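Take a look at this single chain, the form deposited in one PDB entry, given in C-alpha coordinates.
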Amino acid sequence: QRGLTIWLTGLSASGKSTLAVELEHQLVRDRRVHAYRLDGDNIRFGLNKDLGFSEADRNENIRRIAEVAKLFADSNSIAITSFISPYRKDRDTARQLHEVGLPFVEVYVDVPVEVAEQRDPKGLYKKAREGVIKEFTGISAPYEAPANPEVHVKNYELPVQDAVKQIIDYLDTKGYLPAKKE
(Lines of atoms letter the chains of each structure in order from A and count residues from 1; the text may use other names and numbers.)
(Lines give C-alpha, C1' and ligand atoms only; values in the text may rest on other atoms or scores of the structure.)
Protein backbone atom coordinates (compact mmCIF):
# COMPACT_ATOMS: atom_id res chain seq x y z
CA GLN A 1 0.00 0.00 0.00
CA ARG A 2 1.29 3.43 -1.01
CA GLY A 3 0.42 6.18 1.47
CA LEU A 4 -1.13 9.54 0.83
CA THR A 5 -2.96 12.35 2.52
CA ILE A 6 -6.61 13.26 1.89
CA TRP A 7 -6.91 16.82 3.18
CA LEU A 8 -10.45 18.02 3.85
CA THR A 9 -10.93 21.77 4.14
CA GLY A 10 -14.11 23.79 4.60
CA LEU A 11 -16.16 25.81 7.05
CA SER A 12 -17.03 24.67 10.52
CA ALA A 13 -20.11 22.36 10.14
CA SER A 14 -19.52 21.87 6.42
CA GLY A 15 -19.48 18.13 7.18
CA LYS A 16 -15.77 17.33 7.05
CA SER A 17 -15.62 14.92 9.97
CA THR A 18 -18.79 13.10 8.97
CA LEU A 19 -17.38 12.67 5.51
CA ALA A 20 -14.01 11.53 6.88
CA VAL A 21 -15.63 8.85 9.00
CA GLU A 22 -17.53 7.37 6.06
CA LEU A 23 -14.55 7.68 3.76
CA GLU A 24 -12.32 5.82 6.24
CA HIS A 25 -15.03 3.20 6.67
CA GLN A 26 -15.29 2.52 2.95
CA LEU A 27 -11.56 2.60 2.35
CA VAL A 28 -10.76 0.12 5.08
CA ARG A 29 -13.66 -2.25 4.44
CA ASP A 30 -14.03 -2.13 0.62
CA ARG A 31 -10.45 -1.52 -0.44
CA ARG A 32 -8.65 -3.09 2.47
CA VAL A 33 -6.22 -0.23 2.96
CA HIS A 34 -4.95 1.29 6.17
CA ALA A 35 -6.34 4.73 6.93
CA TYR A 36 -6.29 6.98 9.96
CA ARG A 37 -8.24 10.16 10.69
CA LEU A 38 -6.71 13.29 12.18
CA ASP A 39 -9.41 15.63 13.45
CA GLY A 40 -10.11 18.09 16.20
CA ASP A 41 -10.80 15.39 18.71
CA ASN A 42 -7.47 13.61 18.47
CA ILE A 43 -5.27 16.56 17.63
CA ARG A 44 -6.56 19.68 19.37
CA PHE A 45 -6.81 18.06 22.80
CA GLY A 46 -3.38 16.42 22.52
CA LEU A 47 -0.56 17.43 20.20
CA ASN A 48 -2.09 20.83 19.66
CA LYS A 49 -3.72 21.41 23.02
CA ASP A 50 -1.36 24.41 23.43
CA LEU A 51 -2.99 26.18 20.49
CA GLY A 52 -6.03 28.37 20.19
CA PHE A 53 -7.63 30.11 17.23
CA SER A 54 -5.49 33.19 16.61
CA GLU A 55 -4.13 33.37 13.09
CA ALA A 56 -0.68 32.41 14.39
CA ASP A 57 -2.05 29.43 16.31
CA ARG A 58 -3.99 28.27 13.25
CA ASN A 59 -0.84 28.55 11.17
CA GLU A 60 0.92 26.35 13.76
CA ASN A 61 -2.07 23.97 14.14
CA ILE A 62 -2.00 23.25 10.42
CA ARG A 63 1.78 23.20 10.19
CA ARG A 64 1.97 20.44 12.80
CA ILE A 65 -0.99 18.53 11.41
CA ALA A 66 0.56 18.53 7.93
CA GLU A 67 3.85 17.11 9.30
CA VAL A 68 1.91 14.42 11.18
CA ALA A 69 -0.15 13.52 8.09
CA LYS A 70 3.07 13.23 6.15
CA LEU A 71 4.37 10.73 8.75
CA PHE A 72 1.22 8.62 8.36
CA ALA A 73 1.50 8.74 4.61
CA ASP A 74 5.18 7.84 4.82
CA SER A 75 4.16 4.87 7.02
CA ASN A 76 2.00 3.67 4.09
CA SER A 77 -1.33 4.67 5.56
CA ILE A 78 -3.90 7.04 4.08
CA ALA A 79 -4.10 10.02 6.42
CA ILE A 80 -7.52 11.75 6.31
CA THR A 81 -7.46 15.20 7.87
CA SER A 82 -10.52 17.21 8.84
CA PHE A 83 -9.61 20.77 9.82
CA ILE A 84 -11.07 24.02 8.64
CA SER A 85 -7.54 25.00 7.41
CA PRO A 86 -8.79 28.43 6.37
CA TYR A 87 -5.57 29.86 5.05
CA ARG A 88 -4.56 28.92 1.54
CA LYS A 89 -0.87 29.56 2.21
CA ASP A 90 -0.87 26.94 4.98
CA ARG A 91 -2.69 24.40 2.86
CA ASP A 92 -0.17 25.03 0.12
CA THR A 93 2.72 24.60 2.56
CA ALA A 94 1.08 21.33 3.65
CA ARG A 95 0.79 20.23 0.01
CA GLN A 96 4.42 21.10 -0.73
CA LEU A 97 5.61 19.23 2.34
CA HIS A 98 4.03 16.12 0.86
CA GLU A 99 4.75 16.62 -2.85
CA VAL A 100 8.40 17.62 -2.53
CA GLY A 101 6.85 12.58 -2.96
CA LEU A 102 3.54 11.61 -1.31
CA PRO A 103 0.14 12.39 -2.94
CA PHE A 104 -1.85 15.22 -1.33
CA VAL A 105 -5.52 15.11 -2.27
CA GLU A 106 -7.22 18.33 -1.25
CA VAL A 107 -10.96 17.94 -0.85
CA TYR A 108 -12.98 21.11 -0.64
CA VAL A 109 -16.00 20.26 1.49
CA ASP A 110 -18.00 23.22 0.26
CA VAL A 111 -21.17 24.57 1.74
CA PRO A 112 -22.20 28.23 1.72
CA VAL A 113 -22.10 29.94 5.11
CA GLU A 114 -25.92 29.85 5.15
CA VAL A 115 -26.05 26.10 5.12
CA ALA A 116 -23.37 25.72 7.84
CA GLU A 117 -25.14 28.37 9.92
CA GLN A 118 -28.46 26.55 9.74
CA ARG A 119 -26.75 23.31 10.80
CA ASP A 120 -24.74 25.04 13.63
CA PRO A 121 -24.59 21.84 15.69
CA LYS A 122 -22.75 23.33 18.62
CA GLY A 123 -24.31 26.77 18.43
CA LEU A 124 -20.97 28.41 17.57
CA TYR A 125 -22.23 30.42 14.59
CA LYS A 126 -24.87 31.99 16.84
CA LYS A 127 -22.17 32.82 19.42
CA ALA A 128 -20.02 34.30 16.69
CA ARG A 129 -22.91 36.48 15.48
CA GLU A 130 -23.43 37.64 19.06
CA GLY A 131 -19.76 38.43 19.50
CA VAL A 132 -19.33 35.81 22.24
CA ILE A 133 -16.77 33.99 20.10
CA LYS A 134 -14.33 36.28 18.34
CA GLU A 135 -12.68 35.57 14.99
CA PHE A 136 -14.96 32.76 13.98
CA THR A 137 -14.34 31.42 10.48
CA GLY A 138 -16.98 32.58 7.98
CA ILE A 139 -18.46 35.21 10.32
CA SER A 140 -15.57 37.20 11.74
CA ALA A 141 -12.47 35.46 10.38
CA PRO A 142 -11.63 34.40 6.82
CA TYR A 143 -12.10 31.21 4.92
CA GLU A 144 -9.85 31.24 1.83
CA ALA A 145 -11.44 28.74 -0.49
CA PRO A 146 -9.15 26.40 -2.39
CA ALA A 147 -8.34 27.52 -5.87
CA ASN A 148 -7.50 24.11 -7.20
CA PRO A 149 -8.78 21.29 -5.06
CA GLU A 150 -8.50 17.76 -6.43
CA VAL A 151 -12.11 17.14 -5.34
CA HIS A 152 -14.87 19.68 -4.84
CA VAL A 153 -17.83 18.34 -2.87
CA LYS A 154 -20.92 20.57 -2.88
CA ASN A 155 -21.77 19.10 0.46
CA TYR A 156 -25.35 20.21 0.99
CA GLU A 157 -28.61 18.32 0.30
CA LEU A 158 -26.31 15.47 -0.55
CA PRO A 159 -26.12 11.96 0.96
CA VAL A 160 -22.82 11.33 2.66
CA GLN A 161 -22.38 8.23 0.53
CA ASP A 162 -22.56 10.33 -2.66
CA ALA A 163 -19.91 12.66 -1.28
CA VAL A 164 -17.66 9.73 -0.37
CA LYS A 165 -18.20 8.11 -3.75
CA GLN A 166 -17.08 11.31 -5.37
CA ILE A 167 -13.80 11.15 -3.41
CA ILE A 168 -13.16 7.43 -3.92
CA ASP A 169 -13.88 7.77 -7.64
CA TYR A 170 -11.26 10.50 -7.85
CA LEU A 171 -8.68 8.36 -6.01
CA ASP A 172 -9.32 5.59 -8.53
CA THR A 173 -8.68 7.84 -11.55
CA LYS A 174 -5.20 8.23 -10.09
CA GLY A 175 -4.74 4.58 -9.23
CA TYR A 176 -4.14 5.29 -5.57
CA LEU A 177 -6.23 2.36 -4.35
CA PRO A 178 -6.18 -1.44 -4.71
CA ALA A 179 -8.98 -2.85 -6.84
CA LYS A 180 -12.35 -3.06 -5.08
CA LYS A 181 -12.84 -6.30 -3.12
CA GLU A 182 -15.37 -8.81 -4.48
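Numbering follows the first chain given and starts at 1. We call the rigid core whatever largest set of C-alpha positions still superposes within 1.5 Å between the two forms. What changes on going to the form deposited in another entry:
Lining up the core between these two forms shows that one residue from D41, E144, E135, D57 moves its Cα 2 Å or more, and that residue is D57.
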The other form holds:
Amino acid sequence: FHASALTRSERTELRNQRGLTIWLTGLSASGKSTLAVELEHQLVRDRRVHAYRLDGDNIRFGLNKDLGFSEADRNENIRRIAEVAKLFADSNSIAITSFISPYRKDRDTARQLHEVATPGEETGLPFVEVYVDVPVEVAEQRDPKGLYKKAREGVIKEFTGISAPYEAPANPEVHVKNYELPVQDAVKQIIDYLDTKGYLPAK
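Return the structure block for the form deposited in another entry; the form deposited in one PDB entry was the one displayed.
Coming up is the bare chain, nothing alongside it.
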Protein backbone atom coordinates (compact mmCIF):
# COMPACT_ATOMS: atom_id res chain seq x y z
CA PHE A 1 0.00 0.00 0.00
CA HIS A 2 1.03 3.63 -0.64
CA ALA A 3 2.49 5.28 2.47
CA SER A 4 3.30 8.56 0.70
CA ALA A 5 0.49 10.80 -0.46
CA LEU A 6 0.02 11.51 -4.17
CA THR A 7 2.56 14.08 -5.35
CA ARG A 8 1.53 17.04 -7.50
CA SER A 9 3.25 15.35 -10.45
CA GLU A 10 1.40 12.03 -10.09
CA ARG A 11 -1.90 13.81 -9.52
CA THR A 12 -1.35 16.14 -12.47
CA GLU A 13 -0.81 13.22 -14.82
CA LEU A 14 -3.56 11.05 -13.34
CA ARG A 15 -6.13 13.87 -13.46
CA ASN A 16 -4.79 15.14 -16.81
CA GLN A 17 -4.87 18.86 -15.93
CA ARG A 18 -3.08 21.32 -13.70
CA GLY A 19 -4.45 23.15 -10.68
CA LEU A 20 -4.53 26.94 -10.32
CA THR A 21 -6.71 29.77 -9.06
CA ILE A 22 -8.44 32.41 -11.18
CA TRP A 23 -9.19 35.43 -8.99
CA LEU A 24 -11.64 38.01 -10.31
CA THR A 25 -11.58 41.49 -8.78
CA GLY A 26 -13.55 44.61 -9.76
CA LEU A 27 -16.41 46.95 -8.81
CA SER A 28 -19.91 45.79 -7.98
CA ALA A 29 -21.67 45.23 -11.30
CA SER A 30 -18.36 45.10 -13.20
CA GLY A 31 -19.50 41.61 -14.32
CA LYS A 32 -17.32 39.30 -12.19
CA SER A 33 -20.01 36.75 -11.55
CA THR A 34 -21.14 36.78 -15.19
CA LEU A 35 -17.65 36.00 -16.47
CA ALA A 36 -17.06 33.42 -13.73
CA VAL A 37 -20.24 31.44 -14.54
CA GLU A 38 -19.54 31.33 -18.29
CA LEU A 39 -15.83 30.66 -17.74
CA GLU A 40 -16.76 27.71 -15.55
CA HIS A 41 -19.16 26.36 -18.19
CA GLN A 42 -16.51 26.38 -20.88
CA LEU A 43 -13.80 24.86 -18.70
CA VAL A 44 -15.92 21.98 -17.48
CA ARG A 45 -17.97 21.46 -20.65
CA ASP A 46 -15.79 22.61 -23.56
CA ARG A 47 -12.37 21.84 -22.04
CA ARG A 48 -13.30 18.74 -20.05
CA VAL A 49 -11.57 19.83 -16.83
CA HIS A 50 -12.49 20.14 -13.18
CA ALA A 51 -13.17 23.77 -12.29
CA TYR A 52 -15.28 25.20 -9.43
CA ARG A 53 -16.49 28.71 -8.57
CA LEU A 54 -16.27 30.16 -5.06
CA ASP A 55 -18.44 33.20 -4.44
CA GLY A 56 -20.89 34.78 -2.04
CA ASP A 57 -23.55 32.17 -2.63
CA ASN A 58 -21.57 29.15 -1.42
CA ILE A 59 -19.31 31.01 1.04
CA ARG A 60 -21.30 33.68 2.89
CA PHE A 61 -23.85 31.35 4.54
CA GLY A 62 -21.52 28.42 4.93
CA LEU A 63 -17.82 28.57 5.74
CA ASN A 64 -17.94 32.31 6.43
CA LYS A 65 -21.45 32.64 7.85
CA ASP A 66 -19.78 33.83 11.09
CA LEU A 67 -18.08 36.86 9.52
CA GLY A 68 -19.45 40.38 9.52
CA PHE A 69 -18.20 43.68 8.15
CA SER A 70 -15.53 44.61 10.69
CA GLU A 71 -11.97 45.12 9.42
CA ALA A 72 -10.99 41.88 11.13
CA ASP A 73 -13.89 39.94 9.64
CA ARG A 74 -13.31 41.38 6.16
CA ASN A 75 -9.69 40.27 6.27
CA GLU A 76 -10.62 36.85 7.64
CA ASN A 77 -13.20 36.53 4.82
CA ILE A 78 -10.45 36.98 2.19
CA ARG A 79 -7.99 34.76 4.11
CA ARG A 80 -10.40 31.84 4.26
CA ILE A 81 -11.49 32.16 0.61
CA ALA A 82 -7.85 32.17 -0.46
CA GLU A 83 -6.95 29.11 1.61
CA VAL A 84 -9.94 27.31 0.10
CA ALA A 85 -9.07 28.28 -3.50
CA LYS A 86 -5.57 26.96 -2.74
CA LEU A 87 -6.97 23.58 -1.60
CA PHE A 88 -8.86 23.25 -4.91
CA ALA A 89 -5.74 24.25 -6.84
CA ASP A 90 -3.74 21.69 -4.85
CA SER A 91 -6.29 19.04 -5.83
CA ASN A 92 -5.67 19.97 -9.48
CA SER A 93 -8.93 21.80 -9.93
CA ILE A 94 -9.25 25.29 -11.32
CA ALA A 95 -10.74 27.54 -8.62
CA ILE A 96 -12.60 30.64 -9.85
CA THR A 97 -13.38 33.36 -7.31
CA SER A 98 -15.50 36.46 -7.78
CA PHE A 99 -15.34 38.74 -4.81
CA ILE A 100 -14.95 42.51 -5.17
CA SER A 101 -11.72 42.24 -3.14
CA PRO A 102 -11.39 46.08 -3.31
CA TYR A 103 -7.99 46.38 -1.58
CA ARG A 104 -4.59 45.60 -2.98
CA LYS A 105 -3.80 43.82 0.28
CA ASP A 106 -6.83 41.54 -0.25
CA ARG A 107 -5.31 40.21 -3.45
CA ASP A 108 -1.73 40.28 -2.13
CA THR A 109 -2.73 38.03 0.74
CA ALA A 110 -4.45 35.60 -1.65
CA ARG A 111 -1.51 35.63 -4.07
CA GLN A 112 1.12 35.10 -1.35
CA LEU A 113 -0.72 32.05 0.05
CA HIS A 114 -0.68 30.56 -3.45
CA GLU A 115 2.83 31.58 -4.39
CA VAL A 116 4.38 29.81 -1.40
CA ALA A 117 5.62 26.25 -1.93
CA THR A 118 3.26 23.39 -1.01
CA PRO A 119 4.15 20.56 1.42
CA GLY A 120 6.52 18.60 -0.79
CA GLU A 121 6.89 20.62 -3.99
CA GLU A 122 9.45 23.37 -4.63
CA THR A 123 6.87 25.73 -6.11
CA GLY A 124 3.44 27.11 -5.33
CA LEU A 125 0.35 27.17 -7.53
CA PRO A 126 -0.47 29.71 -10.25
CA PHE A 127 -2.61 32.65 -9.11
CA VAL A 128 -4.27 34.44 -12.02
CA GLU A 129 -5.55 37.84 -10.99
CA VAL A 130 -8.24 39.00 -13.43
CA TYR A 131 -9.16 42.66 -13.25
CA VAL A 132 -12.79 42.92 -14.43
CA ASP A 133 -12.57 46.60 -15.27
CA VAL A 134 -15.42 49.03 -15.94
CA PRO A 135 -15.62 52.77 -15.13
CA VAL A 136 -17.88 53.43 -12.14
CA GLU A 137 -20.31 55.16 -14.54
CA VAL A 138 -20.74 51.90 -16.42
CA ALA A 139 -21.31 49.94 -13.18
CA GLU A 140 -23.89 52.52 -12.04
CA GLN A 141 -25.75 52.33 -15.32
CA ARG A 142 -26.01 48.54 -14.87
CA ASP A 143 -26.78 48.46 -11.11
CA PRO A 144 -29.09 45.38 -11.45
CA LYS A 145 -29.77 45.13 -7.71
CA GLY A 146 -30.03 48.87 -7.08
CA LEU A 147 -27.01 48.74 -4.78
CA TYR A 148 -25.36 51.89 -6.17
CA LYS A 149 -28.55 53.88 -5.68
CA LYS A 150 -28.87 52.69 -2.07
CA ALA A 151 -25.13 53.33 -1.69
CA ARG A 152 -25.59 56.96 -2.71
CA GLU A 153 -28.22 57.16 0.04
CA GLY A 154 -26.32 55.67 2.96
CA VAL A 155 -28.83 52.81 3.05
CA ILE A 156 -25.62 50.91 2.47
CA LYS A 157 -22.64 52.17 4.44
CA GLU A 158 -19.22 52.48 2.78
CA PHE A 159 -19.82 50.90 -0.62
CA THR A 160 -16.83 50.26 -2.90
CA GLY A 161 -16.57 52.96 -5.58
CA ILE A 162 -19.01 55.27 -3.78
CA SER A 163 -18.13 55.63 -0.10
CA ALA A 164 -15.13 53.29 0.05
CA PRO A 165 -12.29 52.97 -2.50
CA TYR A 166 -11.57 50.29 -5.07
CA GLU A 167 -7.80 49.96 -5.48
CA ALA A 168 -7.19 48.98 -9.07
CA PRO A 169 -4.53 46.29 -9.82
CA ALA A 170 -1.48 47.74 -11.59
CA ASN A 171 -0.29 44.43 -13.01
CA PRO A 172 -3.05 41.81 -13.12
CA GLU A 173 -2.39 38.66 -15.17
CA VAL A 174 -5.50 39.49 -17.21
CA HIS A 175 -7.03 42.97 -17.52
CA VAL A 176 -10.53 42.66 -19.00
CA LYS A 177 -12.11 45.97 -20.01
CA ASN A 178 -15.51 44.35 -19.57
CA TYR A 179 -17.71 46.96 -21.25
CA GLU A 180 -18.63 47.28 -24.93
CA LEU A 181 -17.25 43.76 -25.15
CA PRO A 182 -19.51 40.72 -25.40
CA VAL A 183 -19.36 38.36 -22.43
CA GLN A 184 -18.26 35.53 -24.72
CA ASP A 185 -15.32 37.66 -25.89
CA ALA A 186 -14.29 38.54 -22.33
CA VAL A 187 -14.36 34.89 -21.25
CA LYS A 188 -12.38 34.08 -24.38
CA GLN A 189 -9.73 36.66 -23.43
CA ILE A 190 -9.37 34.77 -20.16
CA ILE A 191 -9.22 31.26 -21.64
CA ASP A 192 -6.79 32.43 -24.33
CA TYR A 193 -4.43 33.71 -21.62
CA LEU A 194 -4.64 30.38 -19.74
CA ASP A 195 -3.66 28.62 -22.99
CA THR A 196 -0.63 30.89 -23.49
CA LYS A 197 0.59 29.57 -20.11
CA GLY A 198 -0.30 26.04 -21.07
CA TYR A 199 -2.51 25.85 -17.97
CA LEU A 200 -5.05 23.84 -19.98
CA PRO A 201 -5.27 20.43 -21.70
CA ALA A 202 -5.26 20.17 -25.52
CA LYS A 203 -8.07 21.89 -27.50
